[PDB]
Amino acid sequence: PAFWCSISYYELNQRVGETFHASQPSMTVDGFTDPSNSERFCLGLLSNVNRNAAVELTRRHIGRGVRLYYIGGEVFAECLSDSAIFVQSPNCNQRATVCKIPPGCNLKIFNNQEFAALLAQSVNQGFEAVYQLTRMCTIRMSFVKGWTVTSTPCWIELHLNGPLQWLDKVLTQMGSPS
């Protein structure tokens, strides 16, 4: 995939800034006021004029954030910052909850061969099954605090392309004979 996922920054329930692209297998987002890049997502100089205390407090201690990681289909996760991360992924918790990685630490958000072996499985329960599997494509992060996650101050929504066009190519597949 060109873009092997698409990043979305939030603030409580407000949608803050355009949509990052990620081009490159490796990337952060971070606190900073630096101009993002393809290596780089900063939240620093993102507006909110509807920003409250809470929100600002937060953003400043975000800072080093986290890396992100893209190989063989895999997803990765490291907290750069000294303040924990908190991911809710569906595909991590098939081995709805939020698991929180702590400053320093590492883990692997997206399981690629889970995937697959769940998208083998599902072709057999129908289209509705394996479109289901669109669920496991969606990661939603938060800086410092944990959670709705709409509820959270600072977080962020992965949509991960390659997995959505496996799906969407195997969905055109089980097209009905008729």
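Residue numbers count along the first chain shown, from 1. Rigid core: the largest C-alpha set superposing within 1.5 Å between the two forms. Compared with the form deposited in another entry:
- Looking at 132, 138, 28, 48 after a core superposition between the two forms, you find that only 132 has a C-alpha shift of 2 Å or more.
- The rigid-core alignment places the CA of residue 120 2 Å or more apart between the two forms.
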Second form
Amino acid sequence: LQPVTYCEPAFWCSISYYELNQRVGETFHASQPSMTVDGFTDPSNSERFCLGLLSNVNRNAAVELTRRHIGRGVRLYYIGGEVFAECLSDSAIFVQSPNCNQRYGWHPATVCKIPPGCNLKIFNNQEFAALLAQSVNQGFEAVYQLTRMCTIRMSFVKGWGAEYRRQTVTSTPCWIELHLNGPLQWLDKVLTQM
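Alternate state requested, the form deposited in another entry (shown: the form deposited in one PDB entry):
Here you get just the chain by itself.
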């Protein structure tokens, strides 16, 4: 097995917006170290993913009401191989990051509530490197499973999980999915050898 390189892509992540179980709008490709995802309407900002201007033909009254509460949303930033999330909104955000959950010994599917004003490291490249190393030893099937470890899901305003009426993320009105391109590229250099 040839050792991979911990290089970083130009775009450190991709963000896709959902309402319930439906994709809404196009994918946003983050080229800036620090950015926000908010409920406002600027269309031409490389540092802002504005969800407010996004149309959805099948949107219900509930979803519209929740969108109104996104506000300043979440600030996402990338520093020294680490990704952070800051809740700028006046409502909480809920994050499901297996890489984050691992760091605390939590269930990998854990949904963590980030209240307004709070900051949370939602990814660390080295933790993923450690997991990738364990997978190589455990075989190929274990390595394929690591794809979802490169993904993070985040819900605005409304929580989901065992403690909420909404049991799954596709039952929340406003959520996003993050793909971390660096780990995906690293994963790829392993996958294509095994």
